[PDB]
Each structure stands twice: as C-alpha cells, then as structure tokens.
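Take a look at this single chain in structure tokens; it is the form deposited in one PDB entry.
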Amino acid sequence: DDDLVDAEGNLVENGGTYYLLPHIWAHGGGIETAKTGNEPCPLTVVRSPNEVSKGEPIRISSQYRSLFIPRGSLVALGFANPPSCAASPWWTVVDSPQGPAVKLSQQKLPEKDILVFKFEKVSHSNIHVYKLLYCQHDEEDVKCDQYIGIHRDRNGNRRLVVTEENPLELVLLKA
C-alpha cells in the first residue's frame, strides 16, 4: 500500500537510517563523504570507492509526521553520523566548478535547501530499486525535472551531481 521499501522488503521508516547502494554491484558501494578539490574537510557526497562497503548510515526524512515516507513527498537525506565541519548532516545542492553538486554545508541550512530530493522506483521490478530526483524550488511549486547522477573525477571520487542523462539507481538497506 506504499512505495519506499528497503532491500529486506520492509517499509522505509521516516527518519530512520539506511545505506544507499547501487542497483548493479559494479558502480560502487554505499554513500559516504569525501574531501575533493579545495574543501577544508569532507564536504562532498560520493559513492564508496569500495564496491562492498555499505557506506555511511543515511537518514531519510520527510516533513510529514507519518511512520513512512508518503509517495511523491520531498525528502532530505543526511548522514546519521555527521562529519567534522558540517554544520548540518543534511545534503544540499550547490553550484560548483563541475556544476550543481551534492555537498554538505558549513552554513546552517533551511528546510528549502535540503528537502530537494525524491525517490522514484525503477522499471526493472526484480528488487526494490529507485532513481534519485533533484527538485529545485520555484514559486510554491517545486518541480522535480532533474536527476542526481555520478561523476567520477580526476581523483576517482564518484561524486553525486545533478545530471539529466546519467541518473544513478539505489537500493535501501536498514542500517
């Protein structure tokens, strides 16, 4: 009677912690932070260079006060265990020399800058998998007409960025 479901076939609990792994075990492991470019600490959200690493425990939250994540609800994704300098464990999307990239901020962020994601189940039904949408607000009608993808860089960091033709896929595993 809902959509957001982890790997074990159990409902995704709002505010709970989950590992975000790829669909095909060849693209990388779970999600984690990384120090890329000229950052003073780990402020870049990437996929584990490892392919068997569950990554970092990630909380998935919705503004709604329901036990689960309502379909079509915008969500925020944050590290259950925040890093050093992050003033918030929540991800956000900021412009970078590379283009819009999923980063952690040193600035306290408001709901609007974090509730910009939305999971979307995939066609190949053989196990719960989802694409991650990026929804930038507009004028009291935030439109989710973009996806978040992987951009492997000069140092190998599989950083999460906004794409439109290289979307990534994820499976959720209760941390």
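The term rigid core refers to the maximal set of C-alpha atoms that superpose within 1.5 Å between the two forms. Positions refer to the first chain, counted from 1. Compared with the form deposited in another entry:
In a rigid core superposition between the two forms, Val142 is the single residue of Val122, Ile150, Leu109, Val142 whose Cα is displaced by 2 Å or more.
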Second form
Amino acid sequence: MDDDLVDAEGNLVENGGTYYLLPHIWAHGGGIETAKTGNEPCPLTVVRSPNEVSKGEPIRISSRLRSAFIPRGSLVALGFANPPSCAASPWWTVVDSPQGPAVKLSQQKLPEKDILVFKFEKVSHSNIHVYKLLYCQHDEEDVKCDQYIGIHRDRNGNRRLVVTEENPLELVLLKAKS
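Alright, leaving the form deposited in one PDB entry aside, put up the form deposited in another entry.
All you get below is the one chain by itself.
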C-alpha cells in the first residue's frame, strides 16, 4: 500500500530532504520562491515564481520527528534550503495580512508551534502524487482542518501564498539535486 508522502517520481519523500514544490499545470506559474513585498528589507514573502520555466526554490520538508519518511496527514514544516539572508530561520509560518493569512519568513526566532503549521492532502489525480497544502495550528482528531493555502496576485503581479477559499494550490514534489 501507499501511506507516506510520495514525490513526483514515485519514491517515498525523505523526511528533511529538499523537494521542489511544483505545479500540476503548465503555463500558469513556476516553482515556489520568495519576494520582497511591502516594506520588508528582504524577500520575507513566499510566492510562486512568475517564470513558467523555473523549478522554484528547493524546499525542505520536515516532520520534525524521528522518521525517515513523512506519513500522510502528518504536520510538517516547509523551509528554504537557501533562504533569504535576513530571517531568524528558513522555516515558513503564517501571520495576518490584509490579503488574509499570508505565508512568510520571519525576522524572529519562532517557537516550533508557529512553523509546524503545514499539512499535505491527496488530490485525486491518480498516476502521479498531487497534494494540496493545508495550514493547521490548532490541530487534530476531533475537528478536520480545512484552511487551504491559495494564491493572491497583488497589483504588482506577485502570486502570494495565503489562505484563500479558491484557486488552492495543487502540487507535486520533485527531489532537488546537486
């Protein structure tokens, strides 16, 4: 059977490894990067590449647990293998935004529970492993988390990752190499 996270090539995901977050479509954006938006002195904003031919930034996927893999439904922290030189760390986390809850990097050392707020979900496109991206702090087994990360294109064209009730991300995981 299959019940651990699986990459774009059919191999179990290495817990803590770098896998690119790529799209399930073509001419609609590239991999996932950063962007300096508003008044951040550096790209603290996580957005989708405006370059259809890019794999984006190589992201780290950790369960912050002692497993070689990452079980389905488990929470994970996603973070830049080579993050902006101005963040307390490379891990992503959510903060309130007038565009709704935005995914960003922080100039603050964050307590675990602020970064391990992500979870993947099986899109039923069968033959390749496509996942949606959930944001859950308040977690588990009494209530289902249903806060999907969508995209928000601001006036300056940035495809910002926030929590939207529409056009939610659907991704595939490509293992980064040397």
